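Participant: Dock chains Z, b and j against chain d, hints included.
Here is how the chains run, residue by residue.
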Amino acid sequence: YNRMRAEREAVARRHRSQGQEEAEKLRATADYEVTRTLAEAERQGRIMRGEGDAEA
Amino acid sequence: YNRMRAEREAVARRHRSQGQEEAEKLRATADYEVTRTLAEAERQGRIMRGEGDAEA
Amino acid sequence: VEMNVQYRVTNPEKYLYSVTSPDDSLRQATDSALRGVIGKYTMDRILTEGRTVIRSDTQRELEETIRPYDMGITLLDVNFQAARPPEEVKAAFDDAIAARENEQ
Amino acid sequence: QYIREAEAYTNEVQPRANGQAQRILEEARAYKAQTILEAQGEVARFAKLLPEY
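Protein chains in written order, with PDB author numbering: chain d, 224 to 279; chain Z, 224 to 279; chain b, 159 to 262; chain j, 263 to 315.
Accuracy of the hints is not assured; some may be wrong.
[What the hints assert, rightly or not] Label pairs and their computed distance ranges (CB to CB):
#1 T252/d <-> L205/b: 54 to 62 Å
#2 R266/d <-> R226/Z: 36 to 44 Å
#3 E261/b <-> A301/j: 37 to 45 Å
#4 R226/Z <-> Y175/b: 51 to 59 Å
#5 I270/d <-> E246/b: 54 to 62 Å
#6 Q243/d <-> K198/b: 28 to 36 Å
#7 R213/b <-> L249/Z: 31 to 39 Å
#8 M271/d <-> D202/b: 34 to 42 Å
#9 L249/d <-> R269/Z: 51 to 59 Å
#10 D202/b <-> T252/d: 23 to 31 Å
#11 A187/b <-> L249/d: 24 to 32 Å
#12 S240/d <-> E261/b: 48 to 56 Å
#13 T252/d <-> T210/b: 26 to 34 Å
#14 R266/d <-> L205/b: 42 to 50 Å
[As the list claims (entries may be wrong)] Covered stretches of chain b, going by a simulated chain Z footprint (3 or more residues, C-beta under 8 Å):
#15 183-190
#16 251-260
Calculated from the structure, these hints are not laboratory results.
Where is the CB? At the ideal position from N, CA and C, for every residue including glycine.
Chain d on its own, in the form it takes in the complex:
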């Protein structure tokens, strides 16, 4: 009895493993996109500040 139970419990665990794996794989790329979006605006702001300094 215990043998059979352990076997199919292991099956269930491996399924849940692939699930969680794909979960973090997507979560990482989300944060990548966030950081790129912030960096672009940082560049733009630096440009504008430089223009103001030149005029002054």
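Facilitator: Same frame as chain d, now just chains Z, b and j:
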């Protein structure tokens, strides 16, 4: 049951965030205008303080 | 999903000397017809168009299925007294539906 | 369920980043107007004091 619940709460919080986005978007213009008008006022004040100092 | 039926007897002798205990046959075949209609359509569609698309089909299927039994009754119609498709366990789309107004 | 939750997290984390980006850009724009108006004020104030000297 729980699967349904998860999908449904996900849609709800999606609408939450979608509104809050342009909600926060719109405040930047107001802050820009208030800063600009205060800067103009400061310019005029400096000009006429200079008048006073020169005559003194 | 829930519904309701109205029925009428034309030929009494078929109502007597045929399949016995009429309300048993009526109700206990209507359930099967209701399953037959409700099956094929998706959850959202059942939520939205519960009063047009499904009811005529349940009419046709129930009228068809009562035919071979050769009992004597003629259907008035079927109506939609109430609709409560979200299950009672988690009827908490009130948040999901109040979300749009809270967003606006 | 895990897959759906994960794929939902993207659209609930990214628009906030867009909002922050617009806030940053607007503040950057405001800085320029402030500094140029202040510079004009300072130059005009000094130009009148010099002939008093």
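Participant: All the hints need checking, so say for each whether the structure fits it.
Facilitator: Hint by hint, here is what the structure shows:
no. : hint                          : in the structure
1   : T252/d <-> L205/b: 54 to 62 Å : violated, 34 Å
2   : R266/d <-> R226/Z: 36 to 44 Å : holds, 43 Å
3   : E261/b <-> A301/j: 37 to 45 Å : holds, 44 Å
4   : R226/Z <-> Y175/b: 51 to 59 Å : holds, 52 Å
5   : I270/d <-> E246/b: 54 to 62 Å : holds, 59 Å
6   : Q243/d <-> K198/b: 28 to 36 Å : holds, 35 Å
7   : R213/b <-> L249/Z: 31 to 39 Å : violated, 47 Å
8   : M271/d <-> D202/b: 34 to 42 Å : violated, 48 Å
9   : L249/d <-> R269/Z: 51 to 59 Å : holds, 55 Å
10  : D202/b <-> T252/d: 23 to 31 Å : holds, 30 Å
11  : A187/b <-> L249/d: 24 to 32 Å : violated, 50 Å
12  : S240/d <-> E261/b: 48 to 56 Å : violated, 37 Å
13  : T252/d <-> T210/b: 26 to 34 Å : violated, 44 Å
14  : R266/d <-> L205/b: 42 to 50 Å : holds, 47 Å
15  : 183-190                       : violated (count 0)
16  : 251-260                       : holds (count 6)
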